[PDB]
Structure formats: C-alpha cells, structure tokens
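Below, in structure tokens: the form deposited without this ligand, a single chain.
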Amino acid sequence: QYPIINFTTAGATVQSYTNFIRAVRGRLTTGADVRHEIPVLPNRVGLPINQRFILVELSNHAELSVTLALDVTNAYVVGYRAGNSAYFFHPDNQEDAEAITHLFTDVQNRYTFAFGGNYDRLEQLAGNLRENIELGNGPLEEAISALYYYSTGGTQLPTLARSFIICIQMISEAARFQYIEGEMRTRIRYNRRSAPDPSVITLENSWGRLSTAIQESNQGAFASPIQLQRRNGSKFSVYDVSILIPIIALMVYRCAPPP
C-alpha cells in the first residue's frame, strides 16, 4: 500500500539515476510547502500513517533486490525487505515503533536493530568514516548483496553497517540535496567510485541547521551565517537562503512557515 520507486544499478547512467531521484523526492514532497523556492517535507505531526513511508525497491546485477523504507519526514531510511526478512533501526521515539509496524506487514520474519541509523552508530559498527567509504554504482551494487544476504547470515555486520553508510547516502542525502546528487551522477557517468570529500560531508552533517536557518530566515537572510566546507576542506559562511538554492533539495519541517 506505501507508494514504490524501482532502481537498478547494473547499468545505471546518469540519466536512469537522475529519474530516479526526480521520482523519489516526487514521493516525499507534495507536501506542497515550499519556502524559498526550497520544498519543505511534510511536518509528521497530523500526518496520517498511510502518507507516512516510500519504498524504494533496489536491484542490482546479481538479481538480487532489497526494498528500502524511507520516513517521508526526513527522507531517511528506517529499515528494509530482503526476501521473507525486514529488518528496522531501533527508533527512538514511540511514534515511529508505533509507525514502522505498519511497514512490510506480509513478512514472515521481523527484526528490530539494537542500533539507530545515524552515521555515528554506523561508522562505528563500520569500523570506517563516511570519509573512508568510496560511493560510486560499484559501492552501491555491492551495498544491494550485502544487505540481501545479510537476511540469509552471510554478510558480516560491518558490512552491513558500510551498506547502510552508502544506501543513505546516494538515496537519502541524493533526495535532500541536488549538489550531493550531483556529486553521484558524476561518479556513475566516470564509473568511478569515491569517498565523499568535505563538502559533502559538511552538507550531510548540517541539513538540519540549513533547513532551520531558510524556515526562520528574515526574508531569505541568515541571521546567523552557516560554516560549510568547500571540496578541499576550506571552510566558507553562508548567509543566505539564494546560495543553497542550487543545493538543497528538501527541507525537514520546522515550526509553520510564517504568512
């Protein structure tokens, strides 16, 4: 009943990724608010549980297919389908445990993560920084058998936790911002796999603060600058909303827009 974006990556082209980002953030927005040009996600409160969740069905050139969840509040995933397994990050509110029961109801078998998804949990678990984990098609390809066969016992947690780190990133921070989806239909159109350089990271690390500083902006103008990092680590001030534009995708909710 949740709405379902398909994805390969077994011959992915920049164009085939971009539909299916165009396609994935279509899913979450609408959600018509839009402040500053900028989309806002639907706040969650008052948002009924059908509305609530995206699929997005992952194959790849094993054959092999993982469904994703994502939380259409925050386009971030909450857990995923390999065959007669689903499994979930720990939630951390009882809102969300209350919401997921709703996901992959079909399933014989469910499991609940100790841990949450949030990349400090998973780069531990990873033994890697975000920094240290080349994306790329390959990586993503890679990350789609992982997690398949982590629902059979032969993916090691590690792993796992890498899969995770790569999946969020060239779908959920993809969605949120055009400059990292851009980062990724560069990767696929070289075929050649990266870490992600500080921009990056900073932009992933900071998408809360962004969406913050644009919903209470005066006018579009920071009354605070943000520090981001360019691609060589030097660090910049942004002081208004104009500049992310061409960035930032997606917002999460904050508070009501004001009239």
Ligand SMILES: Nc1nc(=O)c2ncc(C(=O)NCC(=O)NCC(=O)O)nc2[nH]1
Second form
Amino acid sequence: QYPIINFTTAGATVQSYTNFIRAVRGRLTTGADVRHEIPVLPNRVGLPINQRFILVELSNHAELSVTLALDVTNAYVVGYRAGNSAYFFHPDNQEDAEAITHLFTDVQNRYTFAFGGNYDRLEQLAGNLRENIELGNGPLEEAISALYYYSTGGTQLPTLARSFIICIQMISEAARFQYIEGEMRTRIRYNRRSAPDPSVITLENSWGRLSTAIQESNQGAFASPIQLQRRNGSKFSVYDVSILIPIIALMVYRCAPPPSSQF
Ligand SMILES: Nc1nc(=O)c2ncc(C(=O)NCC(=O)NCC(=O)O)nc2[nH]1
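Could I see the form solved in complex with this ligand next, after the form deposited without this ligand?
Every component of the complex follows; first up is the chain already shown.
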C-alpha cells in the first residue's frame, strides 16, 4: 500500500540517480505546503497511518536487494527489510513504535534494534564519523550487500552502521538538499567515491534549524543568522531564505504558515 521507489547502483548514472531522488521527493511532499518556494513535509499531527511511510527498494550489481522505510514527516530512515527479516531502529516514542508495526507486516522475522538511528549513535557503532566515511556509487553498492547479509552474521555491527550512514546520506540527505544530491551526482558521474566535506556535514547538521529559521522568518529574513561551512571549512553566514533556494529542497514541518498579506 505504501509507495515504492526503485533504485539500483548497477550501471547507475547521474540521470538515473537524479530520477530516483526526484521521485523520492515527489512521494515525500504533497504540494499542499510550500513556503518561500521551499516545500514542507507533512505535519505529523493528524497524519493518517496509511500515508505515513514510503519505501525505497535498493538493488545492486551483486543482484541483491534491500527495502528501506522512510518516514514522510522527516525523511528519516526508520528500518529496512532484507528477504525474510526486518530491522527497525529504537523508536523515539510510543506513537512511532505503533506506526512501524504497519511496515513489512508479513516479514517473518521482526527485530527492533536497542539503539536509535541518529548519526551520533551510528557513528559510535561504526567506529567512524561521517567525515571519514566515503560516499558514492561504490559505497552504496557495498552498503546494500552489507545490509542484505546482516541476518546471517556475515555483516559485523560496525559495518552495518557504516552502511546505514551511507544510505541515509545518499537518499534522505540528498532528498532534503539539492546541494547534497549534487554532491552525490559528482561522485556517481566520475565513479570516484569520497567522504563528505564540511559543506555537506554542516548542512546535514543544520537541517532542523534551517527549517525552523525559514518558517519563523520575517518575510524570509532570519532573526538570528545561521553559520554554515563552505567546502574549505570557512564560515558562511545565512541571513535569509533566498540564499537557500538552490540548496534546500524540503523542510521539516515546524509551524503552520502565518497569514500572508499583500500590503
Ligand atoms: N536513520 C536516520 N535517518 C535519517 O534520515 C537521518 N537524518 C539525520 C540524522 C541526524 O542525526 N541528524 C542530526 C541530528 O542531530 N538529528 C537530531 C536533531 O537535531 O533533530 N539521523 C538520521 N538517521
């Protein structure tokens, strides 16, 4: 019943990847909520369970496939299926726990990790930070195999977590930020994997605050500037939503949009 978007790393190109990310964004947002030309994800409050998740089916050159479940309210990867087993991150709360029971209902083995799925926790388990984990088509091809072999003991916990960190950034973060999609395009185009630089990391870390700053802005102007980093790690101040239009594709829902007057 939940929509499925397919992607394969086998023979992937900039175009096939772009088609994928565009389709993901299309299933995450409804078009009911756009502010400053930037789409907002569905409000969690009052969202019917039948509209809560989307599924991303990943296949690779090794002919393996796994299916990620994303929460439409935040684009968060909440768990995955590989064959006869499903694995879910430790839910943040009771309502989320009930919600995930609606996923992969006929899977014969259901597990809930004892740990959550945030970067901080995954980086601890992986023994590596995002800044030291290479991204690109190769890493994603490898991540898909790693997730597929987890149930049989073939994949060590550190490698599982590393693989999650790769999937989340190449799918969820790419969907959230055209900038990050663009970074992954580059790596795919030249088939050259590489770790995310500070421009990627700071955007990832700031998504929630950027969403709030935009939605709370006065006609687009931030009350308090947000500091990001450029590629070389130097500071870049954001004062206004305008500079983010080419950069951020989707925001998390924070406030209802105030009334909009025409002077
Ligand atoms: N599983 C998972 N899916 C995601 O899309 C995701 N996307 C982002 C993060 C993440 O830690 N972001 C930074 C952070 O501090 N998050 C918590 C917050 O500030 O609200 N973690 C994720 N984990």
